[PDB]
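Structure below; questions to follow.
With one protein chain removed, the remaining protein chains of the complex are shown where they sit.
Here the chain labels run A and B in written order, and each chain numbers its own residues starting at 1.
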Amino acid sequence: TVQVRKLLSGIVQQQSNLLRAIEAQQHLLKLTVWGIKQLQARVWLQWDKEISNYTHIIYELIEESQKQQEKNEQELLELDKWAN
Amino acid sequence: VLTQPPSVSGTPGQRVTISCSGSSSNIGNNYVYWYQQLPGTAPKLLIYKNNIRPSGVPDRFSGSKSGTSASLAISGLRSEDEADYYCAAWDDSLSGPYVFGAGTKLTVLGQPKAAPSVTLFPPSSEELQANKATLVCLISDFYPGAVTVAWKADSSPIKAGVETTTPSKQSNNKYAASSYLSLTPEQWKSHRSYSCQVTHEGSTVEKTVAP
Partner (left out) sequence: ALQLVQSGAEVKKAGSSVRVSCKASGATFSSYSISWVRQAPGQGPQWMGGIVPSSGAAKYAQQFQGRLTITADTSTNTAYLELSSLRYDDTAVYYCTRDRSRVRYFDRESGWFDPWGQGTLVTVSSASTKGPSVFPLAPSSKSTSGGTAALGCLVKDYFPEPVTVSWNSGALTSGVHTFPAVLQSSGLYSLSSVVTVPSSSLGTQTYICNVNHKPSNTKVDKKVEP
C-alpha cells in the first residue's frame, strides 16, 4: 500500500511527461508541413529557431521520461519483492 | 583529434568561451557533446546534442556550433566552475567512433597573473659517466596553472622522450611544473645548443644551454 502509492504517483507523472512530448512533437510536425508548403509554392530564419526551440523541449522531456521510467521499474521490482 | 585550447581564464562574473576545432567528418556533420570534469570526479555531461542541456545544469552554460568548429559559452563564472572541459563528437573516419578533445582548464583566477620563472640544467657530469643524458627544465611561480613546454635542438623541435607534469600548486598559491628530456650522450655533444621554451598564455620564455 505504501509502495503502491509511490508507484502510482510515478506512473501518473510519466503519463504527463509522454503527453507533453506528444504535444511538443505535434508543433514540430506543423513546422515540417509549413516548410513543405513553402517549397511547394516555388516549384524562414525564424523557422530554424522554432525547430531548435521545440527540440530542446522534447529532449528535455525524453531525458526526464527516461529517468522516471527507471524509477518506476525499480519500485515495481521492490513491490514484487515485498509481495512474495 | 578534436583541437582544444590549453587554458582560458576569467574573473568572477565574466563570460568564457571554449573553442573546439574539428574536421568535416566529425563536427561538420554530427552532434557535439560537452563534459565537465571536477578534479577527482567522473566527467559529467554538460551539453548534449548541439546546445541541448541536461537536468541540473544551470542556464548560464550554453553550447554553440557553426561549421566544423564548436564553442562552449560559460556566462557568470563561479568558484564551482573551475574544472576540465572536453568536447566530443561521433566520427565517420577510420580512426574510430566517438572522438574526444584534449581538454581545456578553466580558472576562476583569484590571485593576480604571474610570469613563469624557467630554470634549465645541463646533463649532469656524473650522469655522463653512466652513459646517460637528461635535461631538467623546471618552471616556478605562474598563474593560471597551465603551461606548454616545447623543446628545441638547433631550431628542430623534439617530440619523443619528453615527460611533462601537470602544474602543481605551491605554498604561495602559485604553480610549478617539471619537464624532462631523455637522450643519448652521443646526441647531446653533437648539437650546438638546446632550448626549453615555455608557453604561458601567449608569452613564450626560452632558456638556452650549450655543451
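The rule we apply is simple: a contact is a pair of C-beta atoms (placed from the backbone, for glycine too) under 8 Å apart; a residue touches a chain by one contact, two chains touch by 3 or more.
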So one chain is hidden, and I want to know which residue out of B:125, B:131 or B:155 touches that hidden chain in the complete assembly.
B:125
Of the listed residues B:13, B:96, B:112 or B:202, which contacts the missing chain in the full complex?
B:96
Quick one: which of B:136, B:150, B:153 or B:158 touches the chain that's been left out?
B:136
Chain A residues that touch the omitted chain in the full complex:
63, 66-68, 70-71, 73-74, 77
Spell out the interface residues on chain B facing the chain that's missing from view.
30-31, 33, 35, 42-45, 48-49, 54, 86, 88-90, 94-103, 119-122, 124-127, 134, 136, 138, 140, 163-166, 168, 176, 178, 180, 209
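As a convention for this text, only the chains that are shown with their structure count from here on.
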Which positions of chain A touch chain B when the two form their complex?
52, 55-56, 59-60, 63-64, 67
Quick one: which bits of chain B touch chain A in the complex? Just the residue numbers, please.
48-49, 51-55
